[PDB]
Every structure is written in structure tokens, then in C-alpha cells.
Amino acid sequence: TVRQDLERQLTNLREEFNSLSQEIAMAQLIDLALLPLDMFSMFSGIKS
Amino acid sequence: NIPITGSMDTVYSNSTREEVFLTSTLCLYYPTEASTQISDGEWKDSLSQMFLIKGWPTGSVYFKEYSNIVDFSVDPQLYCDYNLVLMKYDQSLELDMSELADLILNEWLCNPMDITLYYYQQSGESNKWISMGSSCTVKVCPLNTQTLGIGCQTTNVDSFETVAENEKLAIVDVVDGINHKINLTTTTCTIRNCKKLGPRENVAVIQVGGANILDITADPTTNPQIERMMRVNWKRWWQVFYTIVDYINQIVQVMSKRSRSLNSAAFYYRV
Amino acid sequence: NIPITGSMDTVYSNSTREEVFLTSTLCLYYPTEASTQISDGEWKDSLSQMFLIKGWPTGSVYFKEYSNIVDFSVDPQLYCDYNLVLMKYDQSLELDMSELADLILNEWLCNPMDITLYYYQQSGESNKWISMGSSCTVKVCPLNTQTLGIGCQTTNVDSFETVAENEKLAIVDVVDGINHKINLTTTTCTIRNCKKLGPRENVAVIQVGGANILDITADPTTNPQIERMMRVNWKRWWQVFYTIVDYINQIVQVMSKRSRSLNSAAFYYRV
Amino acid sequence: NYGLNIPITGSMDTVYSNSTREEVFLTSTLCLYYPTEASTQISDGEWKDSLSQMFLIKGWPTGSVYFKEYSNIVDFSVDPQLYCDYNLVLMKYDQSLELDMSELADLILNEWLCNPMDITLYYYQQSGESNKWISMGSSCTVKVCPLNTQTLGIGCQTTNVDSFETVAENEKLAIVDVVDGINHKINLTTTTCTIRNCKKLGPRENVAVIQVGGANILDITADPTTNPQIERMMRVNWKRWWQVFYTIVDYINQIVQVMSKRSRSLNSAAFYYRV
Ligand SMILES: *[C@@H]1O[C@H](CO)[C@@H](O[C@@H]2O[C@H](CO)[C@@H](O[C@@H]3O[C@H](CO)[C@@H](O)[C@H](O)[C@@H]3O)[C@H](O)[C@H]2NC(C)=O)[C@H](O)[C@H]1NC(C)=O
Ligand SMILES: *[C@@H]1O[C@H](CO)[C@@H](O)[C@H](O)[C@H]1NC(C)=O
Ligand SMILES: *[C@@H]1O[C@H](CO)[C@@H](O)[C@H](O)[C@H]1NC(C)=O
Ligand SMILES: *[C@@H]1O[C@H](CO)[C@@H](O)[C@H](O)[C@H]1NC(C)=O
Ligand SMILES: *[C@@H]1O[C@H](CO)[C@@H](O)[C@H](O)[C@H]1NC(C)=O
Ligand SMILES: *[C@@H]1O[C@H](CO)[C@@H](O)[C@H](O)[C@H]1NC(C)=O
Ligand SMILES: [Ca+2]
Ligand SMILES: [Ca+2]
Ligand SMILES: [Ca+2]
Ligand SMILES: [Ca+2]
Ligand SMILES: [Ca+2]
Ligand SMILES: [Ca+2]
Ligand SMILES: [Ca+2]
Ligand SMILES: [Ca+2]
Ligand SMILES: [Ca+2]
Ligand SMILES: [Ca+2]
Ligand SMILES: [Ca+2]
Ligand SMILES: [Ca+2]
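First to last, the sequence lines map onto chains A, S, U and F. The opening residue of the first sequence carries number 488 in full-length UniProt numbering; numbering runs sequentially from there. The opening residue of the second sequence carries number 56 in full-length UniProt numbering; numbering runs sequentially from there. The opening residue of the third sequence carries number 56 in full-length UniProt numbering; numbering runs sequentially from there. The opening residue of the fourth sequence carries number 52 in full-length UniProt numbering; numbering runs sequentially from there.
Don't read these hints as lab results, they were simulated from the structure.
Pairs of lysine-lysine residues, derived as DSS-like cross-links and limited to a Cα-Cα distance of at most 27 Å, are as follows:
#1 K236/F with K109/U
#2 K312/S with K312/U
#3 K194/F with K143/U
#4 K109/U with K250/F
Produce the entire structure from the sequences given, and follow the hints as far as they go.
See below:
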């Protein structure tokens, strides 16, 4: 049939997010926070 | 743990060696070849009288013979309060010797595993599966989310990737976060899911043979020579035992009391 | 022990029942006739589970069969932390049952006696001689200040006053103040001069049969009843064990943890 | 609705007085329960009338003294119906009847509340230390099977009666205590012997159990740790039943001064059947 893929997990990926945090700015996180993210908006732009 | 506040100017206390020798027990695990080469059998009494000179009361020393390293690895119960494991080394026993040293030197928290039904993961870097028995031959098969094995057929056991064969004791690490199906000889070998907590203060391993080869930590990078992994060269078991007796202050100093609120009752040779 | 100053307006601390259940071991010493009537062998596991329902961990309960009262009397070793001794009553074993109960329920500080050479007094009210073995027969001969026997020729053993025979255990008390020459069957029985300290609160004895007959105190005048000497009627050993399991809260509440600096190593079943 | 919540205020000075009256009967009734052995040894049959006459001088009117004969301890333990007000039960001690005497004492000396147990259809449990099960009938072979959380019998297979554990076999009366908090499946011969879930209320103080024979063995409390001596757990020393009855008659004032008529029930049953 298919071996579709293996998929990363929390244990493998939390260190990636730790190492990904430092690129995050703060002058526009406020704007993103102010914009109301609904079920549509938050998942609209996942990997295209 | 609740805080404990102490000064940096309080005077050092007195030596606690006499108190610990009077209150504690020492216990030596040696291979049968030790007694065989000694060619005696009043020697336990002789060594007890010898320890008494340094200050271990008469009943405080317990000599627990074990057949050999691999056969001792299965279910090692350390019936004591200070444990010394003399451990002779021969080539090709490197990994099993290291396994036993890791097992006893490191503290563990283990839970049962039901191989027949569940697919099991590994929590992380401190998690392993330890299999003990007369003969363990674990065969693992990793899976997808759709339960289609990679490099193996989940229904056929031949395709499975063997990671240990015919071993009395096997500490298997596998890739963390991937479900595995296991095949291990349930009648003979019992396998348990364990987490490696901090160290065990109670046990010291005196390697008797060759190079500093023990690697307790499965991580390839760190190979730290912990203090309780002692080593000594040898030709005569009598010389080995005399060395241990004469330096027994240093050995128990290297060790320390065990601090863990256990949950598995078992026999102890306390006073 | 230093003074322990303490208030009277301190608040009651929380109940320690869960902690003692989680960090202690219960120790059931039952006769073999119990198992014979039970006619089972999953029953240890079933009772362990029924204890788990009450709070003890899965391994915290240790069952110990013994042949019968006298065979347990010879060398009673209590390899565990909270001791219950099931003790069936049948007539003509009253004294030996009382001897066993006294021995396990009181602490003894005591040392050997070389009967073949010396003469032994008794220091006071709390100084007995404990004889144990396959077949003990104490034969005492009191002496005088002239070291002449009275009611006994010091040479002819036939004139000695036998004060036990064929007993697997004898707590013999003699007139405290006279030098006694003893003959006792050295091969199959040992004797040790022992002194009675405070109670051994680790233990408690459940008399399974008829009326109150246990008299731990050799003194005729005092025959106290102790909380640790329980008595429960019986017709079925399942019923006895079930009552013990059901009321194990109360038995442990009756029984207090040991407190005595033992200078002699021995095997305990701890957590 | 006797207002069992509002407090009652006494006084610590005044006065020691009399009990005024109570009008539901002419007066109390004394009530002997003796075994057939007493009659056989006495070898009489005007003796009930003689004992009534000898009670009259002690100060009991004629109609107040009743006598009840029973076969023996085990045959009396089944449904012991105390039809009466001041009950004395002369129990001849006999070796190997220790637990049977204890069963009967625990049954009558204490006030019980019993519910039915339909064994065929339900599992059963025990709420707490105060809850026993009482099985009575001609032959009670109570085989239990405890079940873990998963409803798999521990030490027994629920579908195989043989594997069960026989807590008490072939008893006229059996007070069984299984561990409290674990479901059980029961098995006993429903044609002959019934069984009931009986909780223990306070004590029943109409009844005095007089052990006629040996030592003090009546352990009313199933707890091994406790073994109280109640004022109603009477014990007397006997060689002849005439001597026993004469002691009872002579000291009957004390016998009734130790008891209390208040704790009585309409029905004569030894327990409240709460269905
Ligand atoms: C892990 O893999 C091994 C590799 O085979 C499994 O061995 C198999 O074990 C089962 C029973 O445990 C054997 O079944 C047998 O079937 C025959 C009928 O063909 C029957 O007569 C026997 O009484 C028994 O039931 C099976 O033959 C055996 N495999 C081979 C190739 O012989 C092992 O069971 C696996 N572990 C687990 C936990 O499933
Ligand atoms: C500690 O050592 C010093 C020096 O030997 C001695 O004077 C002192 O008494 C010791 N303390 C105790 C508690 O024994
Ligand atoms: C303190 O006592 C309460 C009693 O209600 C109990 O629920 C609680 O578990 C106790 N605390 C601990 C740590 O056991
Ligand atoms: C006790 O007396 C017997 C009988 O003469 C004798 O055989 C035995 O050696 C004596 N034992 C001792 C310790 O004197
Ligand atoms: C109370 O009873 C006694 C019985 O001797 C009687 O003499 C007395 O009169 C009674 N009390 C009163 C107030 O009459
Ligand atoms: C009780 O056991 C007998 C045989 O052991 C069986 O025939 C009977 O059906 C059981 N009672 C019930 C209510 O199942
Ligand atoms: Ca493969
Ligand atoms: Ca290995
Ligand atoms: Ca791993
Ligand atoms: Ca390493
Ligand atoms: Ca004896
Ligand atoms: Ca004589
Ligand atoms: Ca004495
Ligand atoms: Ca006494
Ligand atoms: Ca009965
Ligand atoms: Ca069974
Ligand atoms: Ca109960
Ligand atoms: Ca009791």
C-alpha cells in the first residue's frame, strides 16, 4: 500500500521549539495577539 | 524537598567511621572461581576476623557467592547495606559486564510490560527496557501510525530486527517515540519498562580484569568514570581480597547510604 | 536519650496510617495445618490482593508457614517488620505456647553459658535461662557456699532435679541467688543466660483457640493482659484469615514499631 | 416523632427520687431459656410450677415468669425468637462449641438490622466493620468467592463452585465476615439455609447469656483486638441444674438490675428485618 511517513512527536520536537523561540520578535507579537484568531484563521496557513 | 539552611562556619563534626561500621553491614559478591582458587573454606571466617580488626563487628560482613557475571545478572538482589561486587573481566563479556554495572550502579523505576498486547514506546533518554531471564531473545519491530511495520511485517516474526539473543540480561534502548512490537519468549524471559533515576549510593563495582571499559551510560558521548566503578589488577584472589579488606575504608567512603523511598519489599541483611 | 521538650497546645498532626502502610511490611506466621485445611495455593496471592485493597503494597505482606508451635518455638526468627503469630490452642501445650509468646513478645539481652565448666546464678527477677534445641533436658543441682549440692550429688547426675525434658524450648527460672550446676544434653540443645528488657512491640500473637491462658510474666502474682495478645475464636482458617485481613487496621494500631539498637546482624524483610 | 434533637437539661444537685410509673402492662416478665438437659437431669415436671412458686417469694407475680426449653445451643441458634421481656439464656459450655456460643451471644446480646440476600442474582459487599452476614437454617455451607475490580474471582473461578472458599460449613448459625470493600459471590444451598446482610446497631439489653460451664470464652466482638466483658455476659459454675436454677432465683434481683426492659421490640425476632 504505502508507508506514508513517520511523524515527529512532542519528545522529539520540544527541543526544536526551544531552539526556535529565540528568533521570535516582540513588537508585532502584540499585533498578532490583538488580531482575534478563530478556528479558520489559526489553521488557515499551515504549510500551504 | 523542603529547604535546609546551614552556616558555612560551623565546626566539622567528628569521624563517623566507627558509628557507621558499628551500625551498618558490608557484603561482597564474588565469583565461584574465587573460592575455587582459594582452595579453602575456613576463608570466610578468616576474612571476617580480618575485617573485625579494622572495625567491622563479627556478623557485619556477608559473603554472597555468585556463579558468574552473566548468570548473576538475572534478578540481582543485593541483600545488604553496603555492597561490593567483585567483577572479573574477560573479552567478549564487555557489554554484559557493562550492562550489570549500569543496572546496579544506577537506580531504576520499573513497571511491567505486556508484550502480547500493547505496542510500547520509550519515554526518552532515561528510559530503557530491561529483560531478565534464563535466555532472552528480544525481537523488535517498529511501526507507523497505521500499524504497518518498517523493516518488518507486524504478523511475521522472522522479519523482526533482533537486538539481543540468548542473553541472561539485556538492557535495550531503541529509537524514542516510535511504537514497537516485541517478541520475547514470555515463558523464559521477563521484560520491564524502566526509567533511570539518579545513582545508587549503595553499590560499588570492583572490576578485576582489564581496561577501563565499562560504559554505564548508553549515550555514546558521555563515558564518565564515576567513583564507584573501581578497578584493580590481579593474579591471586587472596591478594584481591586482602586489598579490599585493607582499603575497605576508602571503598565505603566512595559509597554512601541509599536514599530512596522504595516500593518493592525484599530481604535485607541489616543489623 | 536527651530530654524531649514539647508543648500541650500543639495541634494534632495528620494521620500516619497511609504512610505506615506504604513503608512497612506485615508478617503473617501461620501453622501448616492452616494450609492443609485451606487446600489451595493461590491463597497467598489472594490474601495479598485482599491486603492490597486495605492498603499494603503488593509485596508488603509476607506469609510464613511453620510446622507447629514447638517447631516455631525453637529459634523463632521474625524476618519482617510488623509480626502476627497465629497460635492455635490445644490442651497440654498451654505452657509451651506461653513460653513461645513470652519469648517473642519480650526483648532479651543474652549471652551463652558454658555448662560443662562453670556454675551460674540468676541475677534477679528478670534473668532467666533460655534453652532451645531438638531435645532440651535441663537438670539443675543447687549448691551452697561450700560448693556442695543440696538434694543433689554434684557427681551423680541421677540425683539432679530435672525441670524440663523433651522440650523444644524451656524458659527455666530457678531460685535467684544460688549457684546451680546444670546438665543439658549439649549436642541437641543449647542454653543461654538471658535478661528481660522492655516489650518487643514489633510482634503480636493471635491465639486462635480457647480461653485466655497466656501468662508471659513468670511471676505468679502478676498475670497482665497485653494489647498485643489477641484471642479470636475459630472454626475455619479462611474465617480466621479473613477477620485478620479485615481488621488489619486495628492490629497494626495495636502493634508499635521496634526500637532497640541491635548489635547482631540478621535478615529482615523491609522496604 | 419523639423529638430526638432538642437538648435536655438536668441538674447536678436535686434530687434522687423514684421512677413514677408506666402503663402498658401490669409489670415486667422474667423469662428463662434452658436446655432440655436441665429437664432430663431434674427428672420432674412439676418443677416449672415449683420455680414459679419460689419466684413469687422473691417478688415476681405469678404470671410474670415464663420458661422456654430448647434442644441445644446449635439447634437454638437458628432464628432465636426471644418472645419476652427479661431474657436469661443458660448456655451449657461444651468444648468445640466455643464459636457457636460466641455466634449466639453476638446474635442475641446485640441489636441487629438485617436485609435479605438474593444470592442467585447479585454480588454482595460489606459496608464496614459493623456489617456481618448471618446465615441460618438446617445446614449452611457458605462458600464465598471474592472478586477483584475486574470481576474475576481471586482465588476462585466464578463459574466453578468447587474453587470457592468455604468460610463456614454445616453450621446451624454462622456469622461470616469477609474483607470489607471487595465484592463476593456467595453459594449456599438455598433450599435449607437462608442468609442476611446484618448491620450491628447498639446492644440489646433485655438478654443475659449465662455461661453455665467453663472459662470466659464469649467473644461477642468479631474484632480480634477487642474482647470486652459485658455486665450481661454472665458466668456461673455448675454441677447440678437444680443448683443453677436456685442461684438464678436467689440472685434474680441482681440479674434484672443488670439488664434494662426498655430495649424491646414488638416482634420476638432477634433482628429488625428491614427488607
Ligand atoms: C514471538 O515470536 C516467536 C517466534 O515464533 C513466537 O513463537 C511462537 O509461539 C507460539 C506459542 O507461544 C507457537 O504456537 C504453537 O502453535 C502450534 C500449532 O502450529 C501448537 O501446536 C503449539 O502448542 C503452539 O501453540 C508458535 O509455533 C511459535 N512460533 C514458531 C515459529 O514455532 C512467540 O510466541 C512470540 N511471542 C509472543 C508473546 O507471541
Ligand atoms: C571529636 O574529636 C576531638 C579531638 O579528638 C575530641 O576532643 C572530641 O571529644 C570529639 N567529639 C566527640 C563527640 O567525641
Ligand atoms: C490529611 O488528613 C486528611 C483527612 O481528611 C487526608 O484526607 C489527607 O490525605 C491527609 N494528608 C496526607 C498527606 O495524607
Ligand atoms: C548428663 O548426664 C548424662 C547421663 O550420665 C551424661 O551422659 C551426659 O554426658 C551429661 N551431660 C553433661 C553436660 O554433663
Ligand atoms: C420511693 O420508693 C421508696 C421505696 O422504699 C418509698 O419508700 C418512697 O416513699 C418513694 N418515694 C416517695 C417520695 O414516696
Ligand atoms: C451452590 O453450590 C452447589 C454445588 O456446589 C450448586 O449446585 C448450587 O447451584 C449453588 N448455588 C447457587 C445459588 O448457585
Ligand atoms: Ca528486517
Ligand atoms: Ca546483555
Ligand atoms: Ca532510548
Ligand atoms: Ca556512554
Ligand atoms: Ca516448651
Ligand atoms: Ca535429688
Ligand atoms: Ca529467676
Ligand atoms: Ca504471671
Ligand atoms: Ca456456628
Ligand atoms: Ca480457591
Ligand atoms: Ca467485616
Ligand atoms: Ca474479639
